[PDB]
Structure formats: structure tokens, C-alpha cells
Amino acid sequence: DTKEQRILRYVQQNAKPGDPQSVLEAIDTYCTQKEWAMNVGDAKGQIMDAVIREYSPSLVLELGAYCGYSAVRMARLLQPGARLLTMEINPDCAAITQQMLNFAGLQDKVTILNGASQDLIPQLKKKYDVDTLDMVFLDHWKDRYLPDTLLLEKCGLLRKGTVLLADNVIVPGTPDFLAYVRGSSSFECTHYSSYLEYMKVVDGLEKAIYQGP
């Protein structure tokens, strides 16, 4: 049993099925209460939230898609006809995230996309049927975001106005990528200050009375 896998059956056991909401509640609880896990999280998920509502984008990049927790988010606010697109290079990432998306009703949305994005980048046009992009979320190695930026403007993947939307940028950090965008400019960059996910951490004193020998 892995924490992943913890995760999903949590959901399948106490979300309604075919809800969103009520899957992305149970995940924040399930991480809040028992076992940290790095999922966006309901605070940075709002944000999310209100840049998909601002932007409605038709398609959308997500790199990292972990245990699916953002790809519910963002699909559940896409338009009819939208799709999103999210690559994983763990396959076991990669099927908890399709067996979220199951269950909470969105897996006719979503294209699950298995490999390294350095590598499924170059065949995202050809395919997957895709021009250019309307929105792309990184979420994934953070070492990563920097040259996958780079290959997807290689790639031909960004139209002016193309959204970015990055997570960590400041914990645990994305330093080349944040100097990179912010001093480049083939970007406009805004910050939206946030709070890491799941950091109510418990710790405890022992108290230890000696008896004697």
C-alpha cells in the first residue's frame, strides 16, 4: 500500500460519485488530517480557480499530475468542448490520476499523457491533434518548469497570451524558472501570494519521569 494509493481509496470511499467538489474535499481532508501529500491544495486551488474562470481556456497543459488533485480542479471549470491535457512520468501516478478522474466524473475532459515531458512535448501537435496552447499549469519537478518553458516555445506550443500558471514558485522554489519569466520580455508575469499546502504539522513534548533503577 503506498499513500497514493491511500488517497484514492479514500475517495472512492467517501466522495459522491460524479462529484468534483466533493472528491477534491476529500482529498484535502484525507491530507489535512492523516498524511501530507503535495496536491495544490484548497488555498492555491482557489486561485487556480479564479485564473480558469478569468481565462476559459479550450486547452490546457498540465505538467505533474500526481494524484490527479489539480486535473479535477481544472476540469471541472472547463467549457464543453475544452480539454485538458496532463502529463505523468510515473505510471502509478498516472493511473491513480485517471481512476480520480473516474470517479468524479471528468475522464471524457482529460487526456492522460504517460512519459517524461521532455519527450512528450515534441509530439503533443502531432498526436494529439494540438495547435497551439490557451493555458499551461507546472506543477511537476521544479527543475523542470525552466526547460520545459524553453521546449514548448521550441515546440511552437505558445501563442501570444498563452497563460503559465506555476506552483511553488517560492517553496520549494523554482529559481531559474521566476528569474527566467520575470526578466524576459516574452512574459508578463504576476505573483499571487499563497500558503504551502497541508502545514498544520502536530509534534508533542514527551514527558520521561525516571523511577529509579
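Positions refer to the first chain, counted from 1. The term rigid core refers to the most C-alpha atoms you can superpose between the two forms while keeping them within 1.5 Å. What changes on going to the form deposited in another entry:
The Cα position of residue 191 differs by less than 2 Å between these two forms after fitting on the rigid core.
Following the display of the form deposited in one PDB entry, present the structure of the form deposited in another entry.
The text that comes after this line covers the one chain and nothing more.
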């Protein structure tokens, strides 16, 4: 029995099936009151929600599903016909994420990719019928944010106006990524100050909008 399985079970026992908001609320309750876990959380989540609503993306890539909290958060705001692809390196987590989405009634909008980002990114266009991405959410290994951004760019997955939105740029931090995007004329960056999930520690999201080569 793992922490992640306990979260899934709590959602199954307490949330309303087919109600994404209820699923988010049960996850946030469990992680607030019983066991901390690395979900984006409600405070950063509201900022995510605002960004998604602003850009109305048709095709979103998530790096790092975990338990599917952000997958649920994002997919519930997607317009009909829009798609979320989410990459998860751990097969236990990838299974839990599928179950979370199923419960929420979002399975039709979301496609889970099991594998390492660096291995899956070059297969997106051909295997998943992708031209360019409208939005990318980065929440996987923090040392992978920069090299996976360079890989997205190499593989032709970014277009002018693709929105990159990165969690944990302060805590635990992604200092190479943040230096890079903020220094590059290919990115226009905005910082959204917030708090680390379930805590009083300052963290933030960075939005980096790709400008072209």
C-alpha cells in the first residue's frame, strides 16, 4: 500500500463520480489533513485555471502526471474536442492517474503516455497525431525542465504563442530553466507568485510564451 493508492482510494470513497471539482477537493482535503503530497494544489491551481481560461488551448502537453491532480484540473476546463496528453515516468502513478481521470469522467479528453519525457517527446507527432502544442505544463523532474524544453523546440513542437507554464520554479526550484527562458529572446516570461501546495512556503509558476526561433 502506497501514499498514492491511499489518495486514489480516498477519492473513490469521498468524491462524487463524474464531478472533477469534487475530485480536486477530496485530493486537497486528504493532502491537507492526512498526508502531504506533491500535487500542484489549490492556490497554484487557481492560477493555472486562469491561464488555461485565458488561452483556451486545443492541445495541451503535461510533463509529469503524478496522481492526475493537474490533469483533472486542466482537462475540466478544456473546450469540447480539445485534448490533454500527459507523460508519467512511473507506471504505478500512470495507473493511478488513469483511475483518477476515469472517476472524474474526463477519460475521453486525456491520453496518458507511460515513459520518460525525453523518450516520448520525439514520438508525439507520429504516434499521437500532433502538429504543434498550444500549451505545455512542466511539473516533472526539475532537472528535466530545460532539456525537455530544448527537445520540444528541436522536435518542432512549439509554435509562436505556445504557452509554457512551469511549476516549482522557486521551490524546489528550476534555476537553469528559469535563467534560460528569462534570458532568451525566444521566450516572453511572466512570473506568478504563489505558495507551495498545502504550505506557507513561497513558490511560483512561470509562464514562458515561445516567440519563434
